[PDB]
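What follows is a single structure, and I will ask about it in a moment.
Excluded from the complex is one protein chain; the other protein chains are retained at their positions.
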Amino acid sequence: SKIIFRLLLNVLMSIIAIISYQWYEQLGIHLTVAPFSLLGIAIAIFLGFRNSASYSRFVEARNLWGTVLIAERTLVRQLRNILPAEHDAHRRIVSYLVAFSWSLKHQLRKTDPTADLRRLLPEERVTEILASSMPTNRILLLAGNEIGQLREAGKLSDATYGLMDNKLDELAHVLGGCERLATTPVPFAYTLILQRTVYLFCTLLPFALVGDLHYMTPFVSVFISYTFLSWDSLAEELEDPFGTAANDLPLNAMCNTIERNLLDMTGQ
Amino acid sequence: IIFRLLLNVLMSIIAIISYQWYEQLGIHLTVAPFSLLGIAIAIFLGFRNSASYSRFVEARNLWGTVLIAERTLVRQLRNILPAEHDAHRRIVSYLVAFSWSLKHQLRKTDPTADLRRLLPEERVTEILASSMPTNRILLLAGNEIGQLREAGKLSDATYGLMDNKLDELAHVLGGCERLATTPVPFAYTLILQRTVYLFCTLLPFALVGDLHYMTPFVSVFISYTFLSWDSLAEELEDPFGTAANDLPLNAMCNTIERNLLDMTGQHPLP
Amino acid sequence: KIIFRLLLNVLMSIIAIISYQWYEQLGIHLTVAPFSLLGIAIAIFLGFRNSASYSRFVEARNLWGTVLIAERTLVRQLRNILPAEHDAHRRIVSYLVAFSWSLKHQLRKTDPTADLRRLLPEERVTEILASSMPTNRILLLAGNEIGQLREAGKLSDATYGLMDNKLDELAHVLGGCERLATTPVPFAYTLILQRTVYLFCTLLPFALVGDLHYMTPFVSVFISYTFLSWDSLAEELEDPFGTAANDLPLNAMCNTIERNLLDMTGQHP
Amino acid sequence: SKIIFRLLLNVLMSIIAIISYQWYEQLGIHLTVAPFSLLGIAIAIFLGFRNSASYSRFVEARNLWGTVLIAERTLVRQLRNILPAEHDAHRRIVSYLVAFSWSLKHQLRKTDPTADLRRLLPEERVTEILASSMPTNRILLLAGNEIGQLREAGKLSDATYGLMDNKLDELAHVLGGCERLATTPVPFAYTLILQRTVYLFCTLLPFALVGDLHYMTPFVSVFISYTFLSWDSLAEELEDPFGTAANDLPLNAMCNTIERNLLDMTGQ
Partner (left out) sequence: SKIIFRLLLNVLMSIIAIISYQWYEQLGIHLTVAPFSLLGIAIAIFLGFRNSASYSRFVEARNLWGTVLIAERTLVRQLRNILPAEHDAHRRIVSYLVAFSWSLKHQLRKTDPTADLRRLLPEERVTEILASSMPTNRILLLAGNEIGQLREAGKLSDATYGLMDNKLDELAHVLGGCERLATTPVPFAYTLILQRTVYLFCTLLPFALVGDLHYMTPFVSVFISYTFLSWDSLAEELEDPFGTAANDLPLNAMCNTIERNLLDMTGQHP
């Protein structure tokens, strides 16, 4: 992993420590364990809480995408149970809903939505969408129109119109939810100080351990350092949920899963 | 888990009869650093277990909602269309199918017997055809509700009162799928799992200094405490897991099936 | 009976003191630092555990709080929307009061027939007792009152819906309570903590006595009180529908609910 | 506060402990610092969690009062956007809504609503309200009547009556909330368990510290005692958020804001 260099720099710090041990008392430098326990504990506490934030936030990102799936399932269902005749409205609204998903993925990944949109929508609509500075939000507007048309067509009463509007309000909360997550990281200060104090602590560690361990310092100073670094490096792997790294959310697969659902619900 | 306590008891007896040669080559092991280690590990097991618990509780609430929504939906059908018992039985079928289908979905088991029992094989082929069978069942339930509305028997206002219930089931389906395919840390629950193991096997080697012949007893006390708390996290982290406790999920589906037959007068026997 | 094993710990100290003489002559040594470790780990786990229990107790308290709110405002909607319909008003209210007591009985695993017969006609009592879930049944009946008022033109779909929502909220309380009860916190959870906290407490003197000697029991009792006070509080909060000291005054809560609902419909004790 | 008494009571336990450490070996009492680390840390952890539960109880209280201002604000707003003419239902309802706030404050403060209530209401109902064992609930039932009246007087549709009924529901939940936080205190075993243990731990502490610290004992021990006592004290200035205090909710200030706010939205 990205973790295995500091682990080794640690072994080499154990070794710089073993064969440097006697010029110690000469200088007057002595290093006991006790204050490094007070430190190491206070750091474990702060590590603990921080990781908690990181995990909460990765979970919130998962919830949010989970909701896209639930609302578009519902909204499609409602269209099938209320207007089971109109399949043109069906196919239209479904393509916007699928478009919203891909569009939001692209948005969070800062990639180009254009191919996906052109695959699902008429070119005139793609033009409308990409013209907006907020293309994903503009897709809700369009979906909202199809709904709105059916309403004044008289196919939908204000009641049933409202049932479907509420699902658009949910997609609206996913969109803001995601935008917020993507511009509001766990504050920088956390991951900075923890990263400094944890790294310092791990490299200073075999120095204040050698007096007690002698030769069995590497296999213990490593084991202690693996532990703190495995924990601090779990926050890292949980703080970019919209990424493309292995342990980020599989938004591509999720978008494919969403599209496959709404198509199962409409015969295609 | 009872296996690596013996391994611990052995690793102790190894460290006893062996911590004669340790003095040779100057290799030492205090208790202070294994106390910094262990308290940090304990702090992290704390937070980890806290996350795991939270996933367990969320799964309970979700299933909790199935019971609530289905009871309310069926109550709504009785209070609003007290006469329409053919619709009452069709919808209660789907709702009961929904729950079992869900359970089977999360446990990765075959739902066919349960579906075949509850619904006409036309609809069972249809549902089994789909790759989202539980979702398909909601859609069918929606149709029954929908048809009562075209038929003129439900107003848009009172159709809505029921449609809310199906949204509530929709949210449960999604929530559960998110928990089932959502091991938040991909195989880093594996790194932390082994970190506790190394610590519980290296520990008697570190403790033997101050305890001697008492080492296997105080080393296995401590190991059991850590291994227990850790196994508990694994059990909670995965409430629908490849080896969970089915009892409550089965209990929940039987409760809701019983509940609904009661509400629609199928019970007690005439 | 927590003073029960506070007492036993004192003797274990004595057993540790009395026998400290001949276990220099037994090849046994027991230091504090390992028990500091173990003891802190357990403290940390007790800390999180206890936290989860309080959360369950607050939820239960809160669900019950919602019975009172929902039922109050269902009655308020009955009065504001149908001021003339006092027959409905009292039937419904007798169901909602029946709902509350039945819920207490359900949670307490006790017979609701007394309280039921008191509040409702026996034909209804039988209908309700015939059911796998009498509280469910009672919501269904309250539902028909509301719903018959609708067939009869006296409630619109809109205002029927307003009241249906309240029945819906009660359903949620019912399921919530049902869940907090049929979900005793995971099996391999409490069993590990009692032994660990017990075993640790009764072994602590054997380790404390090298440092403390005759002081062992005073210190060892203090430490064990602390851990046990904490561990036992978790238990009594864990089952909030029981009859323990901080176990919700469910009878009192039920009375408050009945006095409230009677005060809204013009009646007196 | 009352704290400083047992700060000094601790300084005196320190001196007693110093000038009786000589009779220790004589009496047979050894007191090492290490078991009081295990203890003190455990007590800290339990103190940490407890304090945490009290904070959240206080926050729930603030949110509940937050909801009163919000609900009453938008109920009045809804009245002005739906029935902008009918200023005499406006004034009746705004006075009922203000009565509610005050009646709630008084109910929680376990004091007397009669003065504040007569200032706001015609006493043909002020006696009705005070003749109920649940005055504040009765004030909602009456606010409900005004809305109920406007509905059956055709000035409100079901739709619009609904929109406003939902705001009464919201106040009902605040009432329940507050009452619940009043009658169900934080489980009482928490408090006494904790400061039997905290106070007993701080008085017993110098007798174990003196072996190591000698004359430095009162300084260090008063510090440690300050810390714990402080934290434990903070938890109880938060456990009773409706109470008689300066670290409690400025309930009077909050009702004054609410009353000005509702008068301000109607032009008085």
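Couple of notes before you dig in:
Each chain gets a letter, A, B, C and D, in the order it is written, and its residues are counted from 1.
Quick note on the criterion: contacts are C-beta pairs under 8 Å (C-beta built on N, C-alpha and C of every residue); 3 or more make two chains touch, one makes a residue touch a chain.
Residue-wise, the contact with the chain that is not shown comes from D:80, picked out of D:80, D:109 or D:118. Interface note for the absent chain: among A:190, A:223 or A:231, the touching residue is A:190.
Within chain A, the residues in touch with the undisplayed chain are 27-32, 34-39, 41-43, 45-46, 48-49, 52-53, 125, 128, 131-134, 137-138, 140-142, 144-145, 147-148, 151, 158-159, 161-162, 165, 168-169, 172-173, 175-177, 179-180, 184, 187-190, 193, 197, 200-201, 204, 208. Interface residues of chain D with the unshown chain, by the touch rule above, are 33-34, 36-37, 40-41, 44-45, 47-48, 51-52, 55, 62-63, 66-67, 69-70, 73-74, 77-78, 80-82, 84, 157, 159-160, 162-163, 209, 212-216, 220, 223-224, 226-228, 230-231, 234, 237-238, 247, 260-261, 264-265.
In the analysis below, only the chains that are shown with their structure count from here on.
Note on chain placement: the centre of chain A and the centre of chain C lie 37 Å apart, centres being C-alpha means. The distance from the centre of chain C to the centre of chain D, with each centre set as the mean of the Cα atoms, comes to 23 Å. Touching of two or more other chains is recorded for residues 33, 35-36, 40, 44, 47, 158, 161 of chain C. If you sketch which chains touch which, the chains link end to end in a single open path, with no loop closing it. Contact between chains, as defined at the top, is found for A-B, B-C, C-D.
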